[PDB]
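**Student:** Keeping the supplied structure of chain A fixed, place chain B with the ligand upon it in accordance with the hints.
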Amino acid sequence: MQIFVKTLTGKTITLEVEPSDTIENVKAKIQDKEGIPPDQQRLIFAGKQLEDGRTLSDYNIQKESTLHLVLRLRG
Amino acid sequence: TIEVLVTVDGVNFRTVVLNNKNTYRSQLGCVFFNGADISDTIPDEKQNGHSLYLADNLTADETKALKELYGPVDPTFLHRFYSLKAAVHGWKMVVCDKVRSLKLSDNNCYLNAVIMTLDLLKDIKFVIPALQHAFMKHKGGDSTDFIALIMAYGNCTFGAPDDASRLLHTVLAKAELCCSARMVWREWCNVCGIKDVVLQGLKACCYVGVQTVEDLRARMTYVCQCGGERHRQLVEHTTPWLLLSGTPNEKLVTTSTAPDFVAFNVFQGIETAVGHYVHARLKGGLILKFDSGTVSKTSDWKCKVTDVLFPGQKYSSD
Ligand SMILES: [Zn+2]
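Taken in order, these protein sequences are the chains called A and B.
Under the numbering used here, think of the first position of the first sequence as 1, with each following residue one higher.
Under the numbering used here, think of the first position of the second sequence as 1001, with each following residue one higher.
Just chain B, with the same shape it has in the complex:
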């Protein structure tokens, strides 16, 4: 018989004794030793002195610590995170032209688009400790934990291609601004009346449905609660940066009089099959195409853009 440790946060442990007549799964549950799923083996000796990592069948105190560390999560979040964290150990962050990027492997080009876009967002942090922990860790040269986390939260499967925008906004939904930003919408209906709506924080910096600032400021039209025509228009907006996102749209990106945006992401291929993501920025007077480990620095591109990042905002409707 052996005696091992059990943790879920890497801080609080509990001593557990398991018999060699039944496996970990039937005695203790899903566990990871040295970054490997040993939850179907028989207790040995090198683990009879070190610690494990539980994933299911937690205690009331562990579940408590889980919520403090990981926030409200899926019942399988722990298992998937351990599995992914081990799987993405082989990945590496290169330094393509004074910018870092995720090297292409196991269909992770979509993750490259997300991270490289995240790295361009000023003054942001995360509510969830583990996420913020892994984030600051990422800023310093090791990004294994952070990558595995955002894959875990976005329910990304290792090796499978996925949506960059979808993951980016799922991540930002768990982030907050370390500064201030406001967004004022004027809604009006000829029957019900004029109503101003104010948005403040990170939510004021992101919008899905448009890709040009002009379209964001254009009068929008939808249905009021009464059934009649309702309208909406941005009349005040101040942010450190503006992230616009929409369906892949084929634009003629030219650096001849470079447009307002600083960076943008591109979806290549057909959107019904499996395509390819390329992160692009604007350095100097030329375009920089970052292809998950590569740096093409041509000055013109006819491509299908997805996410478009703009600088700080300052707008009033006169």
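Isolated chain A, as found in the complex:
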């Protein structure tokens, strides 16, 4: 299926993913496109932070859904 990832630049990229794909798996694809390491990625979906262990179907993320990429801070 198709999902959207609002990047840090402000642009929107498009990923082809499966419901069984883990959040980490998505972050890996984002890495190859944006050049951002999975460690420093925070994916947000409708106000919920996506924990690494889960999958897209777990968070009820279907086609045309929009994930938000937030940079991991260092305090």
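Source of the hints: derived by calculation from the structure; they are not laboratory data.
Treat the hints with care, since some could be wrong.
[What the hints assert, rightly or not] In the DSSO-like style, the derived pairs of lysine-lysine whose C-alpha atoms are separated by at most 27 Å in a straight line are: (1) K1122/B x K1203/B; (2) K11/A x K1251/B; (3) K1067/B x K48/A; (4) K1314/B x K48/A; (5) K1304/B x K6/A; (6) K1203/B x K48/A; (7) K6/A x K48/A; (8) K1139/B x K1098/B; (9) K1137/B x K1067/B; (10) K48/A x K1251/B; (11) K1174/B x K48/A; (12) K63/A x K1195/B; (13) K1103/B x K48/A; (14) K48/A x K1304/B; (15) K1195/B x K1314/B; (16) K6/A x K1251/B; (17) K1289/B x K1098/B; (18) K1251/B x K1297/B; (19) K1098/B x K1067/B; (20) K1103/B x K6/A; (21) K1195/B x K48/A; (22) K1304/B x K1103/B; (23) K1125/B x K1297/B; (24) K1289/B x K1103/B; (25) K1125/B x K1174/B.
**Tutor:** Showing chain B with the ligand alone in chain A's frame:
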């Protein structure tokens, strides 16, 4: 030859005999005696009467008890937790201006933001026993276990700086409400139709992406499954408290007519390098800046806010 005990929960033990020809790692595995990694030494005498703490190569019954106690965890969760628990023993919780806080050490200012924010969340508990155990323990004056646990779950490394919001929401994802709260979203698409979505529990109290209640109630716009424009708007919301979180945003916080929120966290420095976290609350008519062991009580602040906590909610879309 010696004979020692082995546990992973501090309740169920098993008697194990190890030879003095091979180390713990090759005979038994990763173990912690008296809070120290002895998994590369040779069996001695003061441990030939007391107990150890296994981390890897568990039994079917220990793995069973692990899931009951720690929930589903990383294969390295046990090792990291033992290591962290020993490392954070030196940390201390002070009492800065009738509020407790984590004293600055080994880049733990982000952890101060998390804990001090957690302490302001009413009616919450944890599904995982060990977590809830360490939580109630924390409420009473010893917070060593709790700190080490949330660091273990958030994959925090000792001494390394980290994200406070990220850790806070990872923690809350393993928590639940000891009361009730509802959140009603009205989604609609000109083609597909109107659909109401209800959120109930702790999930109704947290939202990442906005920092003002007004923006939470504003009509949001995204893409429907058909490809067309889809909309969403909060039309009903009742919570004991509302936690809004977003990217560091520079707001002009002034106590002159103090805004709706009770507390907020602040990221100082530049977000591409290593910065600093400061927890802030609203007591009286002045701001209270809690800097991991300090209490600046000035009444004005131009800062980059991150997490913003609001009181109970009660809203209807007329
Ligand atoms: Zn539609």
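**Student:** Each hint should be assessed against the structure and marked as holding or not.
**Tutor:** Each hint tested on the structure:
no.: 1; hint: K1122/B x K1203/B; in the structure: holds, 14 Å
no.: 2; hint: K11/A x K1251/B; in the structure: holds, 25 Å
no.: 3; hint: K1067/B x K48/A; in the structure: holds, 25 Å
no.: 4; hint: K1314/B x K48/A; in the structure: holds, 21 Å
no.: 5; hint: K1304/B x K6/A; in the structure: holds, 22 Å
no.: 6; hint: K1203/B x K48/A; in the structure: holds, 8 Å
no.: 7; hint: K6/A x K48/A; in the structure: holds, 15 Å
no.: 8; hint: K1139/B x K1098/B; in the structure: holds, 14 Å
no.: 9; hint: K1137/B x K1067/B; in the structure: holds, 21 Å
no.: 10; hint: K48/A x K1251/B; in the structure: holds, 24 Å
no.: 11; hint: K1174/B x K48/A; in the structure: holds, 13 Å
no.: 12; hint: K63/A x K1195/B; in the structure: holds, 17 Å
no.: 13; hint: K1103/B x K48/A; in the structure: violated, 30 Å
no.: 14; hint: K48/A x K1304/B; in the structure: holds, 22 Å
no.: 15; hint: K1195/B x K1314/B; in the structure: holds, 22 Å
no.: 16; hint: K6/A x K1251/B; in the structure: holds, 24 Å
no.: 17; hint: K1289/B x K1098/B; in the structure: holds, 13 Å
no.: 18; hint: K1251/B x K1297/B; in the structure: holds, 18 Å
no.: 19; hint: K1098/B x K1067/B; in the structure: violated, 38 Å
no.: 20; hint: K1103/B x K6/A; in the structure: violated, 37 Å
no.: 21; hint: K1195/B x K48/A; in the structure: holds, 20 Å
no.: 22; hint: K1304/B x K1103/B; in the structure: holds, 22 Å
no.: 23; hint: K1125/B x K1297/B; in the structure: violated, 31 Å
no.: 24; hint: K1289/B x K1103/B; in the structure: holds, 14 Å
no.: 25; hint: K1125/B x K1174/B; in the structure: holds, 9 Å
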